[PDB]
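We begin with a single chain expressed as structure tokens, specifically the form solved without its partner chain.
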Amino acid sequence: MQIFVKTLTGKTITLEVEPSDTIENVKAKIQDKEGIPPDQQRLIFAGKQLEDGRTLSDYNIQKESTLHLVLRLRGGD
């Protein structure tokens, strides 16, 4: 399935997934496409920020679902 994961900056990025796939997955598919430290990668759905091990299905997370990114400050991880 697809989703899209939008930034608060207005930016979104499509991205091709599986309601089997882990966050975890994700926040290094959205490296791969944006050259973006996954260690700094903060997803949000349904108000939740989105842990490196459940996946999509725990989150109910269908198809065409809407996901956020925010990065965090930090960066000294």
Given for the second form:
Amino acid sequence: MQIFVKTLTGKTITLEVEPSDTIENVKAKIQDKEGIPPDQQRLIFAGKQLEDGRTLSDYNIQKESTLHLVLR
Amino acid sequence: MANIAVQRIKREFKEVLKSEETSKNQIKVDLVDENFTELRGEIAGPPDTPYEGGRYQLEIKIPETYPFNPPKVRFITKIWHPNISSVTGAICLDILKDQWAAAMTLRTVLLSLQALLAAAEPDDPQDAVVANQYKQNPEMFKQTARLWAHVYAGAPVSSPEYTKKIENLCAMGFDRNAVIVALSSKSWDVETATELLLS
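Okay, that one was the form solved without its partner chain. Can I see the form solved in complex with its partner chain too?
Once more the chain from above appears, this time first in line as the rest of the complex follows.
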């Protein structure tokens, strides 16, 4: 499925992900798509910073949803 | 019922209503509880100040050792000012603490606070964040208060620029109030305030 990651510079990308995917590999995928090291990304959804441990469905984030990226 | 002088609050209550300030629409007062230990005050932002246009509410409670120990006052309406907690309404004024006096009238207190709006007392702050911004950027402070006055005090025009930055963060799903305190506390830096927001 696809979701959208939006940064605070305005940029907005759409990347392939799996509901089962954890937060780290989403970052991993963000890395692979834009070159940003997961080592420096923070994903926000509905005023909360998704913890590396939970997944997308674990958090109940249905497809097409938007996540926010805040670089360390 | 340990409230000593319920017969003074009553006199000082008349006093305020019958004052020229109230007809001049600068200050006004209202009762909240029967016994007369908690009033609700309201003052107008003084002209020529970012508070202009705003109408601010104050929580006035009277403690047991009243005359002698001053009455505890808080700002109900959210205000951004060196001498008022930007997130609790706690005030910091000499007379509302130790430099308080025997016969200080409520009217003397309401006017005092109004005057305070016209000229803060940064060196004896209550809110470190506000006092700092008010010194290292008296312009930003003013622009920031002009906003707070608008979103919370029913004042007119506000910075269309700041509304833009409050939008980008609210997008991530943050609470409005929170968003504002972060942006105001971090010098309106979308990056450095989103930071604070996560702690």
